[PDB]
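K.L.:
Single-letter residue listing:
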Amino acid sequence: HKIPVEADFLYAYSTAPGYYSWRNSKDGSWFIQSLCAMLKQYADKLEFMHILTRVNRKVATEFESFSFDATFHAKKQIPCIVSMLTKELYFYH
Amino acid sequence: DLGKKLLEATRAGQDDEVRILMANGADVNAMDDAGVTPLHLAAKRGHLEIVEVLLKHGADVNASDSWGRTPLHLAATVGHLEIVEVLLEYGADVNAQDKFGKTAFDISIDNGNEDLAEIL
Amino acid sequence: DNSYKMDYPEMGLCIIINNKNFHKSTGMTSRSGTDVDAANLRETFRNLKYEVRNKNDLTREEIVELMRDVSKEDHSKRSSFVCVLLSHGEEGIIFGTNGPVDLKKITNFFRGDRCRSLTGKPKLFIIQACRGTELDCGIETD
Numbered sequence: 185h186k187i188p189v190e191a192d193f194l195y196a197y198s199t200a201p202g203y204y205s206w207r208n209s210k211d212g213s214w215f216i217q218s219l220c221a222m223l224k225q226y227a228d229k230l231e232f233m234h235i236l237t238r239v240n241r242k243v244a245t246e247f248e249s250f251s252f253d254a255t256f257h258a259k260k261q262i263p264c265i266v267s268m269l270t271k272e273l274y275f276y277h
Numbered sequence: 013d014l015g016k017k018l019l020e021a022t023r024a025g026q027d028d029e030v031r032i033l034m035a036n037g038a039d040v041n042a043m044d045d046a047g048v049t050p051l052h053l054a055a056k057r058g059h060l061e062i063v064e065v066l067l068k069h070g071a072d073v074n075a076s077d078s079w080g081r082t083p084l085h086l087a088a089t090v091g092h093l094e095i096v097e098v099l100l101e102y103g104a105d106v107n108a109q110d111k112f113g114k115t116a117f118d119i120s121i122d123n124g125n126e127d128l129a130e131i132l
Numbered sequence: 034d035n036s037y038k039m040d041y042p043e044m045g046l047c048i049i050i051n052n053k054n055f056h057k058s059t060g061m062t063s064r065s066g067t068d069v070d071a072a073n074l075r076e077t078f079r080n081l082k083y084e085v086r087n088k089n090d091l092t093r094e095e096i097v098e099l100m101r102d103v104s105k106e107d108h109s110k111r112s113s114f115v116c117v118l119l120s121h122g123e124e125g126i127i128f129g130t131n132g133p134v135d136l137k138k139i140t141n142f143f144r145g146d147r148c149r150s151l152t153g154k155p156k157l158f159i160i161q162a163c164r165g166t167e168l169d170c171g172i173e174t175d
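Chains as they are written, first to last, in the authors' numbering: chain D, 185 to 277; chain H, 13 to 132; chain C, 34 to 175.
Possibly wrong hints are sitting among the right ones.
[What the hints assert, rightly or not] Below are the DSS-like pairs computed for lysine-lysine, each with C-alpha atoms no more than 27 Å apart in a straight line: (1) C/105 x H/68; (2) D/271 x C/88; (3) H/16 x C/57; (4) C/57 x D/242; (5) D/224 x C/38; (6) C/57 x D/229.
Derived by calculation from the structure, the hints in this document are not laboratory data.
Turn these sequences into a full structure, and let the hints steer you where they fit.
P.N.:
Below is the structure:
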């Protein structure tokens with residue numbers, strides 16, 4: 185009959201609430217780099233939530249910040265998947 | 013990449029190496045991923061000579077890092093009066109706030125800096 | 034059924050907002066490498082059969098206006114909707130070149146009752162932006 189007006193949204197954040205989000209000057213942001221890499225590899229293999237979970241792991245384990253100021257050096261990042269989806273999402277139908 | 017070498021030379025305080033790199037066309041406004049410029053580094057570490065040569069060649073006096081801190085904020089934190097004077101002469105924003113709401117004047121009061129409170 | 038219907042004639046739109054350069058008064062630093070992201074995203078989503086539209090350096094007014102116009106299009110023949118935001122940010126806020134935009138304001142345009150041709154369809158918002166100034170120091174692992 186009725187569905188919520190807020191249903192069927194997905195917000196895929198690059199970083200946790202309250203936190204900074206890191207970009208590489210030459211390769212681009214950590215999140216988008218990982219997103220595109222994981223979609224190219226798994227879009228035909230995995231459901232979208234599991235693709236974004238690989239993205240979480242890739243950003244979490246493969247990236248660490250560089251800075252000449254110790255305030256910003258050796259920092260980490262975890263993305264934040266926010267799902268109000270009612271169904272699984274496959275790009276290959 | 014000459015920008016990375018310049019940032020590295022500025023941090024180590026190598027004045028001669030800074031000039032050699034600039035003469036080869038290094039960007040005085042080079043940044044790392046956190047938006048830290050050669051001027052930020054020179055101001056924090058008290059390198060008066062390098063600050064002056066950077067500003068002379070058009071380095072952004074009001075560039076702020078990822079925490080919104082300008083070279084004037086960083087100079088005020090350490091308490092280097094001479095650098096503060098030079099920054100203000102190149103049009104440093106006395107009213108500039110970092111992403112934590114503090115001005116260069118606000119930092120000087122926090123530290124209990126007597127001489128810096130009257131200049132600002 | 035447990036899967037979204039994805040066999041509509043068209044896959045859907047992919048709107049990319051790519052903010053690189055910002056007004057001096059805002060004090061926000063130039064976002065180096067974001068052009069790489071935009072190009073990488075276009076390549077990826079167009080290979081996924083999405084209709085990609087890229088917009089560079091939009092003001093806060095221009096963002097709200099773009100999102101309103103897109104929400105008032107006919108999506109009845111599209112499977113989904115994708116919007117990627119590449120800019121500065123705070124919690125619940127994305128930045129135009131000249132200042133802040135409320136994130137809830139952008140997304141409200143696409144609510145199930147306001148964009149009828151996207152009801153029951155997945156609406157994907159991909160957000161590359163800060164959510165505050167906190168830094169994660171991390172912890173040692175294997």
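K.L.:
Hints first: check each against the structure and report whether it holds.
P.N.:
Hints, one by one, checked against the model:
Using a Cα cut-off of 27 Å, the hinted pair residue 105 of chain C and residue 68 of chain H is violated, with the two alpha carbons roughly 53 Å apart. Only pairs whose Cα atoms come within 27 Å are accepted, and residue 271 of chain D paired with residue 88 of chain C is rejected, the gap being roughly 30 Å. Restraint check for residue 16 of chain H and residue 57 of chain C: satisfied, since their Cα atoms lie roughly 24 Å apart, inside the 27 Å limit. At most 27 Å may separate the alpha-carbon atoms for a hinted pair to count; residue 57 of chain C and residue 242 of chain D exceed this at roughly 35 Å.
Distance hint between residue 224 of chain D and residue 38 of chain C is fulfilled; the C-alpha atoms sit about 21 Å from each other, no more than 27 Å. Distance restraint check for residue 57 of chain C and residue 229 of chain D: the Cα-Cα separation of roughly 45 Å exceeds the 27 Å cut-off, and the hinted pair is therefore not satisfied.
In this structure, the hints that do not hold are numbers 1, 2, 4 and 6, in rising order.
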